[PDB]
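Below is one structure; the comments refer to it alone.
The complex is shown incomplete by one protein chain, all other protein chains being positioned as in the whole.
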Amino acid sequence: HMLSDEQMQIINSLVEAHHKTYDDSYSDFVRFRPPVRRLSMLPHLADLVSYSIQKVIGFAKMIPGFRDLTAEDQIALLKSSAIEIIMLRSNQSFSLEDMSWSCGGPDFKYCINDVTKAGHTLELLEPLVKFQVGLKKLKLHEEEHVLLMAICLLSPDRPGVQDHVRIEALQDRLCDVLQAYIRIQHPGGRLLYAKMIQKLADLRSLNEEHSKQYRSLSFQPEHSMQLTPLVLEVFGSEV
Amino acid sequence: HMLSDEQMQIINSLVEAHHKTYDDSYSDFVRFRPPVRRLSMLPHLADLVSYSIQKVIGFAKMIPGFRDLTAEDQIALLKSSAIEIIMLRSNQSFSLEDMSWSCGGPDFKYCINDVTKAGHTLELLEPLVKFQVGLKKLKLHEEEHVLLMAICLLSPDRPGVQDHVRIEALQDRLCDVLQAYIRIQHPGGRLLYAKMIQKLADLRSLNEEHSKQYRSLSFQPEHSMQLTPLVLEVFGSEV
Amino acid sequence: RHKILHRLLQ
Partner (left out) sequence: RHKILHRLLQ
């Protein structure tokens, strides 16, 4: 088999979108409220999540067919998938050696302990770390990583989605280019596509647990006041 | 003349309230999003204003009779006076030499230029600097400074105020202790009380200009997203 | 609403 020019241009647009929205230098992290090592890590991690949401919006706008959707569908997909894309894209900084996300200096080295200092419990942090480990072990090509983010965002089974048909057609076209990429470009990846689809189910379960834990902190004004307007809007329950 | 035990205990409660809420070390300023020298100073100054609002709430709760008022009246007084109290209390860091607010290191030295980098124009910054200069030249005792803040906050002529009678009785009692303090404790202050009352009128005009300029930035989501939830709530138009 | 203000005012 061989993949078409149409499938090849989808890949080209997605890796270009990811290169424009993911700053490998982590140079903007100095602009966030500093890390502090109750809920001492909440200001810094709220700033990091807020910055990541902007990057996800930027990536989403460069996905073919996303901008063409209605503003309501664009908002529904982002409000629902935002946290899953953040967890996926965070895998680029994840280190199997330290079991932590490393973003330049030791100031931006986030371990499991720093995340408990932002209000999270091991009911979320245990499956999240186990997710990062298994994702990293997949040794995904940049092409597969970006296709997975685009498939995750363009999921039609999200609350608020009106044009299910159109969104599923965009997601199916993205799954086809992923299956064909793995088949012809990934050596010994006969089981990879199925493993990647399982990671999407794991993300749904992580989103569930994150929504529960976020609800716990958003209901305490002394904690919610530490979040950013963008985090409040995106993780909010407004329809 | 001599002032009573009741007037003396009002003074004692107010300077104690101010000492509890005004950190002369400015040690928390390191926790704000760093200063950047469009609207590069907005994150840092939004964090500084947000922190100052919390300190004003803390001061207000220690004013005799404030906590006794209804939650609605407490909110109306703070939503209306918050920016005037911030401008008053900022006078402690103001330097006549540099024509700037100095808060420890040169990182927390705010000149007129840094404030334009947060969205403000000279239509506000010119009367604000001229206000700080004249306030500093009054050489107010700590007792007078704290009484002025309490009189400013307990103004009955604010939108949303229901118990005007009660609030005016609290403000009149505060004005009486100020007049008696200046008379018996401030040498050569026969013209001071009138000069202090004029500074309150100047504050109203500064609040007007600040509300206009804040409206200009709150209506631009790319700027309003840089504010904090507490700044949005307090400077907001919700009733 | 004033959720933060209500909380900070106890």
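The letters A, B and C name the chains in turn, as written, and every chain counts its residues from 1.
One rule holds for everything that comes next: a contact is a pair of C-beta atoms (placed from the backbone, for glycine too) under 8 Å apart; a residue touches a chain by one contact, two chains touch by 3 or more.
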Residue of A:54, A:95, A:205 or A:216 in touch with the missing chain, whole complex considered: A:54
Sole residue of A:64, A:127, A:156 or A:229 that reaches the chain not shown, by the stated touch rule: A:229
Of B:13, B:102 or B:224, the one touching the omitted chain in the full complex: B:224
In chain A, positions touching the absent partner: 54, 57, 61, 71, 74-75, 78-79, 229-230, 233-234, 238
Where the unshown chain meets chain B, residue by residue: 221-222, 224-225
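The definition used in the following text is that only the chains that are shown with their structure count from here on.
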Rounded Å distance, chain B centre to chain C centre (Cα mean): 19
Mean-CA-position distance for chain B and chain A (Å): 42
Approximate Å spacing (C-alpha centroids) for the pair chain A, chain C: 33
Numbers and ranges of chain A residues touching at least 2 other chains: 224-225
Multi-chain contact residues (two or more partners), chain C: 3-4, 6, 8
